[PDB]
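Read the single chain below, which is given as structure tokens and is the form deposited without this ligand.
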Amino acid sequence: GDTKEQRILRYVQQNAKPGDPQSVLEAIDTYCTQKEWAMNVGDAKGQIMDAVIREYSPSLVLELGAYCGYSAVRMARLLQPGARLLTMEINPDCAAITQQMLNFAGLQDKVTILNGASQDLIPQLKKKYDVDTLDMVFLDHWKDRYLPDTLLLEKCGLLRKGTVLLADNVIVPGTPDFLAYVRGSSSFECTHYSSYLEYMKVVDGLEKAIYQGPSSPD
């Protein structure tokens, strides 16, 4: 069998318009809706992502996780000239499709795909990828890494006061430990957004968690 991601790219290349990111997003959602691939229909969560990008105008965004490139296209299309999206993905085959998707959208120059495990790459951002602090982090990778990677970003000095974390799929299948941490911590100011999943007909959600600076040494 062909993978979902390679079939999504096939559909985009044959139906979307090159250099037209909206047409790419719509083609992905159209195809995934037809196939009833609920986790790959991104328009509902995309509305929330777009509003965050529009409000905060981040210059440097870290994306954790990529499958077919939908979220990278969604974010990169709203980033300013000169901005940078760093996208970490452990599966090289997903990284490959994501790269091809960005090329078709004409957005490749704004994005750097890093193929590897987030916990290995995060400690390299400062010295190897010339990062000071991140303006935004989009969490959409392995569920059990949301909390550990947040703690790792903190420890590596990659978050500043005002850094916006936006976490996807916090309800389904869920990231309850991550939610409990950010909601209970004085280092984060949190907002929850409902986001519907078709077929399962359930309200998933995203969490926006804005870093406030580290806890007191007292």
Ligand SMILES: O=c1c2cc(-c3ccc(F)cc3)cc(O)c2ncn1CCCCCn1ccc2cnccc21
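Rigid core: the largest C-alpha set superposing within 1.5 Å between the two forms. Residue numbers count along the first chain shown, from 1. Shifts are known only where both forms have a C-alpha. First, how it differs from the form deposited with this ligand bound.
With the core held fixed by superposition, the comparison between these two forms singles out 39 as the only member of 39, 53, 171, 158 whose CA moves by at least 2 angstroms. Core-superposed comparison between these two forms: the CA of residue 25 stays below a 2 Å shift. Annotation for residue 197: C-alpha shift of 2 angstroms or more between these two forms, rigid core superposed. Comparing the forms between these two forms on their core, residues 38-41, 197-201 form runs of at least three in a row where every Cα shifts 2 Å or more.
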Second form
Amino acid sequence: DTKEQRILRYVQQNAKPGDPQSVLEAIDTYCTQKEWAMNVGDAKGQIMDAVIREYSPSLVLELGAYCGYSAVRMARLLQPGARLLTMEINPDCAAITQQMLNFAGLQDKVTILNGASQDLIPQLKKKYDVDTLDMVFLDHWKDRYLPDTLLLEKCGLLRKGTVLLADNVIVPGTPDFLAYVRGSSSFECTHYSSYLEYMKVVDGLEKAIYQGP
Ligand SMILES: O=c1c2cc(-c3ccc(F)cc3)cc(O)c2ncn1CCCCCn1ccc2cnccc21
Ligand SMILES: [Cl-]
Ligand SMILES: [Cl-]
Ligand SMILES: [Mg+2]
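Based on the form deposited without this ligand presented above, generate the structure block for the form deposited with this ligand bound.
Entire complex below, previous chain first.
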């Protein structure tokens, strides 16, 4: 088996079914004690929780699911009837993510979109019935952060106040995205310094609130 399968099995065997917090704790325990993995982790996760609670978004798009950690983290804090769409290019990871969400009891709040962001973003309006997004969590290929932000805008998916929250802006890093949003009058930006998941290595999140054309 794969690392990702091992993580899922550990959750199934050490967390309580239907209890998202127990699922997060199990993942973070496994990844601290047994095998590192690229989940957002608890340090940056606490910042995400604070942001989610501030905005109470109705419709969230996540770019990059992996094993479902961040999807569980966000979905557990959504209000009744609020929804998360999460895009995952790797089909084996899509399947882990769906199983993770199922175990957590969050499957009614979350939809997986299978494919690449550059192919799926232009389908959101017509196939997934999206008007505009309230929040976007970027956690996919670093070279796609900037082009997908620009694509979201082109497709009319951003509104005044849409919150972009980006993982890994320091490590591995997203220099073009950071330079762009920080230099643009169309975004209001804030950097949240933190640590790489499971590691004593500095990383951070960037929040960039869209302000219109
Ligand atoms: O690579 C990383 C990563 C690496 C490290 C990391 C740090 C330090 C290290 F030393 C090593 C790795 C730490 C992290 O937190 C990471 N988070 C996310 N990702 C992106 C994973 C692959 C996304 C593929 N993908 C998923 C949906 C989707 C849609 N369209 C296109 C592509 C798409
Ligand atoms: Cl994650
Ligand atoms: Cl952590
Ligand atoms: Mg990440």
